[PDB]
Amino acid sequence: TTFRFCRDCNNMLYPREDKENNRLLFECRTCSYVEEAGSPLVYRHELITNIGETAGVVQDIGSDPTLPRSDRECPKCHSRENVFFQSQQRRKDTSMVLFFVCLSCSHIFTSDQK
Amino acid sequence: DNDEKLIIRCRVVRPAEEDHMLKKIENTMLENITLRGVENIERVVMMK
Amino acid sequence: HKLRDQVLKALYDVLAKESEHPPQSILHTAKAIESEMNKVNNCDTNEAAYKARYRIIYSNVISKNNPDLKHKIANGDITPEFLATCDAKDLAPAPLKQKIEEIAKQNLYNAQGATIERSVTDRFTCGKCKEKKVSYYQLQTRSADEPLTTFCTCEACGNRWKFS
Amino acid sequence: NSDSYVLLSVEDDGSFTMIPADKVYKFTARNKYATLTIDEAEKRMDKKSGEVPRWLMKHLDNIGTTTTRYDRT
Ligand SMILES: [Zn+2]
Ligand SMILES: [Zn+2]
Ligand SMILES: [Zn+2]
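Protein chains in written order, with PDB author numbering: chain I, 2 to 115; chain A, 1231 to 1245, 1254 to 1286; chain S, 146 to 309; chain Q, 369 to 441.
You may find that some hints are simply not true.
[To be verified] In silico DSSO-like cross-links for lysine-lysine, where the CA-CA straight-line distance does not exceed 30 Å:
#1 I:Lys20 x A:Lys1286
#2 A:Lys1262 x Q:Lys415
#3 S:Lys196 x S:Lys209
#4 S:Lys209 x S:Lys154
#5 S:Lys209 x S:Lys162
#6 A:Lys1262 x A:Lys1235
#7 A:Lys1286 x S:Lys278
#8 I:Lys115 x S:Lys244
#9 A:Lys1235 x S:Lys217
#10 A:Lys1235 x S:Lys242
#11 Q:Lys426 x Q:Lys415
#12 S:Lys307 x S:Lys275
#13 Q:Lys415 x A:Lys1261
#14 S:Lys217 x S:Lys242
#15 S:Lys275 x S:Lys244
#16 S:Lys154 x S:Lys215
#17 S:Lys250 x I:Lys93
#18 I:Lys20 x Q:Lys400
#19 A:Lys1262 x Q:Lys416
#20 S:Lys209 x S:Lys250
#21 Q:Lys400 x Q:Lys411
#22 S:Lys244 x A:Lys1235
#23 Q:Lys411 x A:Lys1261
#24 S:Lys234 x S:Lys217
#25 A:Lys1262 x I:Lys20
#26 A:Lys1235 x S:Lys209
#27 Q:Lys426 x A:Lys1262
#28 A:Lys1235 x I:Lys115
[As the list claims (entries may be wrong)] The following residues of chain Q were derived to be distant from chain I, with all beta-carbon distances above 12 Å:
#29 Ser370
#30 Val378
#31 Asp380
#32 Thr385
#33 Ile387
#34 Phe395
#35 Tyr401
#36 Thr403
#37 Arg422
[Stated by the list, open to error] The following label-pair restraints were derived from C-beta to C-beta distances:
#38 A:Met1259 x I:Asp9: 46 to 52 Å
#39 A:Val1242 x I:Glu36: 25 to 31 Å
#40 I:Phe6 x A:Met1259: 25 to 31 Å
In case anyone wonders, no lab produced these hints; they're calculated from the structure.
A virtual CB, placed ideally from N, CA and C, is assigned to each residue, including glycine.
This is chain I alone, in the form it adopts within the complex:
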């Protein structure tokens, strides 16, 4: 789904079809470089998504003082310290699942058990 660029000249590659050999050949519209396509997938709309609750993590989230602290442990390092905080996505239907990030194992883990 990614947007490849011509290695000779960093420009947006477009799909165009072979006339007789029946293959998608990503030809550059700037220069004459051409490349066959790995998959017949071209375009993808994705009208439904549920993604974005997790990321935005820096390696020193716990360096900020404002995050609360708890005593549930990381289930890799067993250290009782932690940093917990809710979803990083905000829709009007995002969940009350929580995200728990530790400093010792430096790992993200949740509290869902379904």
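Fit chains A, S and Q with the ligands to the given chain I structure using the hints.
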């Protein structure tokens, strides 16, 4: 019906210039074709 | 005779392809001709709904999940029954069945709406039925020169009123 | 940043002359690929087509209109 993933396969039939035509026809069939019910009526809920 | 040869060839293919081999190939083509001659009894190749029931039974056989439909259709479960069944949801398989009833239960629950429950007490008395089942609720409406309204409603019958 | 820069260019003996820089200029290639025309570009920009052809530049190059500078030379 009984397959694990319900699929539709469609093609344009006519006895270059495919992508934007097929994208517009895709957008049209998604935006226009009614299924059942009567339009300008939305979600419906049941009170006891 | 295009349909009555094509569906017969289809049943030739979907019965020879089975692990249940046809040494009783005359029995199996008897089963196929019985299947097709009850199949036409809905339509006689004169109704457009002929191909739909054929597609239902055909891809139920070629489904896999389940393959055991071939064994039960060759060892029983007779073909004039299986036009009048229309048991496409009911067969092939039962885990997908119990999935469908869980889905139907979930949808029937989720289509129900808002049911705010109106906590009651016996402090006041109704006007219509004069019962102390007052669905009371409290809120402020007027200007700053007064407290709340003392809104009232009876839940035993539906009578709304107000206290002064 | 044309003010703060200064040059350490080695000489043949190893000498390092200080040349205080004055300005910095940036160069890009242009008309390497048979660029188009503003007028017919406006006609493609206008809503004559709901979407312009993907290989329209290839069709124009096959026509030979507005060829490359190397091809013209
Ligand atoms: Zn290129
Ligand atoms: Zn850990
Ligand atoms: Zn009452």
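Against the structure, the hints:
1. I:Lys20 x A:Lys1286: violated (64 Å)
2. A:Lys1262 x Q:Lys415: Given pair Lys1262 (chain A), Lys415 (chain Q) holds - Cα atoms ~15 Å apart, limit 30 Å.
3. S:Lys196 x S:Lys209: holds (21 Å)
4. S:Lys209 x S:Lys154: holds (20 Å)
5. S:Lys209 x S:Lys162: holds (13 Å)
6. A:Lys1262 x A:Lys1235: holds (25 Å)
7. A:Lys1286 x S:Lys278: holds (20 Å)
8. I:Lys115 x S:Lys244: Answer holds: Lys115 (chain I) to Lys244 (chain S) is near 17 Å, not above 30 Å.
9. A:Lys1235 x S:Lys217: holds (25 Å)
10. A:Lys1235 x S:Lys242: Measuring from Cα to Cα gives roughly 16 Å; hence the hint holds.
11. Q:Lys426 x Q:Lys415: holds (21 Å)
12. S:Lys307 x S:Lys275: Holds. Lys307 (chain S) to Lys275 (chain S) sits at ~14 Å (cutoff 30 Å).
13. Q:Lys415 x A:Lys1261: holds (17 Å)
14. S:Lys217 x S:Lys242: holds (18 Å)
15. S:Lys275 x S:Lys244: Violated - the C-alpha atoms of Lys244 (chain S) and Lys275 (chain S) are around 50 Å apart, more than 30 Å.
16. S:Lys154 x S:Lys215: Roughly 16 Å separates the two Cα atoms, so the pair holds.
17. S:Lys250 x I:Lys93: holds (25 Å)
18. I:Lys20 x Q:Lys400: Holds. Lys20 (chain I) to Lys400 (chain Q) sits at ~27 Å (cutoff 30 Å).
19. A:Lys1262 x Q:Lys416: Holds, at about 16 Å.
20. S:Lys209 x S:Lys250: Distance of about 27 Å is within 30 Å: holds.
21. Q:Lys400 x Q:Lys411: The given pair, whose Cα atoms are some 23 Å apart, holds under the 30 Å limit.
22. S:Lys244 x A:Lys1235: holds (14 Å)
23. Q:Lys411 x A:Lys1261: Distance ~22 Å between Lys411 (chain Q) and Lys1261 (chain A) Cα, so the pair holds.
24. S:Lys234 x S:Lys217: holds (17 Å)
25. A:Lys1262 x I:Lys20: Between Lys1262 (chain A) and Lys20 (chain I) the Cα gap is close to 23 Å, so the pair holds against 30 Å.
26. A:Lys1235 x S:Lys209: holds (14 Å)
27. Q:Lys426 x A:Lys1262: holds (23 Å)
28. A:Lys1235 x I:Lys115: Holds. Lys1235 (chain A) to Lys115 (chain I) sits at ~24 Å (cutoff 30 Å).
29. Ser370: holds (26 Å)
30. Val378: holds (33 Å)
31. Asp380: The claim stands: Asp380 (chain Q) keeps its Cβ more than 12 Å from every Cβ of chain I (closest is about 37 Å).
32. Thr385: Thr385 (chain Q) clear of chain I: closest Cβ-Cβ about 36 Å, beyond 12 Å.
33. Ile387: Non-interface label on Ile387 (chain Q) holds, nearest chain I Cβ at 33 Å vs cutoff 12 Å.
34. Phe395: holds (15 Å)
35. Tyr401: violated (5 Å)
36. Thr403: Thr403 (chain Q) not clear of chain I: closest Cβ-Cβ about 10 Å, inside 12 Å.
37. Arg422: Per Cβ check, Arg422 (chain Q) is inside 12 Å of chain I; nearest 6 Å; violated.
38. A:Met1259 x I:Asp9: 46 to 52 Å: Given a distance of about 30 Å, which is not inside 46 to 52 Å, the answer is violated.
39. A:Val1242 x I:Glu36: 25 to 31 Å: holds (27 Å)
40. I:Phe6 x A:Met1259: 25 to 31 Å: holds (26 Å)
Hints 1, 15, 35, 36, 37, 38 from the list above are not met by this structure, while the remaining hints are.
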